[PDB]
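**Q** Using the sequences and the accompanying hints, generate a full structural model.
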Amino acid sequence: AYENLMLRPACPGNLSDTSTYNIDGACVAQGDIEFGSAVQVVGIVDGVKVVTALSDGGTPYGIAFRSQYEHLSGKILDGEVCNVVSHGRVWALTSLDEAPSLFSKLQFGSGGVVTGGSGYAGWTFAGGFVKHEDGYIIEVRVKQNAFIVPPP
Amino acid sequence: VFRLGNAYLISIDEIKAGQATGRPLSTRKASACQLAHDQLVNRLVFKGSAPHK
Amino acid sequence: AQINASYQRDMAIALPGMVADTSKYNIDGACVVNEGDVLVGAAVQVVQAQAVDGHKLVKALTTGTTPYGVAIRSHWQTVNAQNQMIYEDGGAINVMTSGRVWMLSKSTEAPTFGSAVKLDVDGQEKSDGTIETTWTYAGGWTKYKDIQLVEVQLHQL
Amino acid sequence: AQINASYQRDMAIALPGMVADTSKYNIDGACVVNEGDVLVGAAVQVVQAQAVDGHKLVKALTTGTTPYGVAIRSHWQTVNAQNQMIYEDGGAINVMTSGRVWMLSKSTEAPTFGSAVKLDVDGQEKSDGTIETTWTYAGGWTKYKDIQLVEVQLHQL
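Residue numbers (PDB author numbering), protein chains in the order written: chain H, 2 to 153; chain A, 108 to 160; chain L, 2 to 158; chain J, 2 to 158.
Because the hints were derived from the structure by calculation, they are not lab data. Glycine residues also receive a C-beta, built at the ideal position from the N, C-alpha and C atoms.
Which residues of chain H face chain L? A few of them, derived with a C-beta cut under 7 Å, are:
(1) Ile45
(2) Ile149
(3) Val150
Here are a few chain A residues that sit away from chain H, every Cβ distance over 10 Å (derived from the structure):
(4) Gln126
(5) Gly129
(6) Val152
(7) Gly155
(8) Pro158
**A** Listed below in structure tokens is the structure:
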């Protein structure tokens, strides 16, 4: 990336390939959510889902999507409708420096940022690793019905 | 001879906003496709693709 | 004189065996009801898949069997029986193997958003069921008059 | 005087590496044959997926490797050789990572409907093969002349 290239490779929170994607449009935000980073489903009120940034003890649901009409501030603010990529292939945010093994199940922590691989169940790492600002961007192959919330 | 290909996504609200505020967004995403094709052509001349021979 | 009055009534949310949303979905319409009748809002089983012709012989769920899909609502193919819509022996059936549907339920409590769907021997959702499935819940939980309904999420199996 | 005659003949059902159904399928381009030739009805392995560019290098299955997808039959990209249709080295391959396709099989008995698919070291289906896949059978089981063909259901890796 960076110099010696006419175009920057990719930007976080955007789809990479046009292959069987699904975007939910009936969602509401509880706190400030940044593009990329997994989200939870706190509850459902009259059909819509109230999504929050990932926290401890919560199963991720999807990755936030970038729209240039809904959000005119560079991030999703409180009390704003948002799009969530429930299924597809999207660029996410990571706190890594080296690309993991191919088709390895990623792990999420902190505010929905990827901390490492070598998981047991969940989404997988596609082929992609680019540099962004001060850090890297990872490509995540989101699949629906991947994380099952544990029984109490 | 070979083939190249890109794609881009847009919504209805974005189209209407672009046509109403005077600054379109469709053209700005269509130009990126031509620039990407030109970059790919550039990369295949000064460098090569060993798997593609 | 008199004071005029105006009222309001809200329609229901869904009916059994009805596709809930317009998300990614897939119905297999090359199946035959081998034996018996199949309710609209219930799961099915695959008795046998033909090798040359390609039709699948579906049936109703029984004890100790893996569910395959959920029948859906169609005003043309289905035949009314027992004051409800039903699929008869013979003919073709619409079984969806992926998507969101409103299944019939036998439970009395609202389940969590995720979790795993469990069914009884009949094929209707039950909280303390015996047949484990990989399907998950979607969130919807309503009731049409005196019929309970629940929304589930399916995937190819 | 004389008695007239009328005859009949039926077409075949499948061809190696041909899409079987119109269900949800995902064919991935931007793959290259790193080395050797790849048959139309055989599984492939991913040697390397480039990070910045995006091309995935595709080879033929060997011992102790994870299968990725099945080659797809096309009249333009493929090159006719060995009285057959193959993908030559240094050319784009249409890999199906999801859907139903007609594979090449080395087995002799019809398989069950829902069960794991086992390949051999060559990349062709075998009832007692060593390499393990996550794909499942679909039911179809036919033969084109002297070639055996089997249908499988592919799941995204």
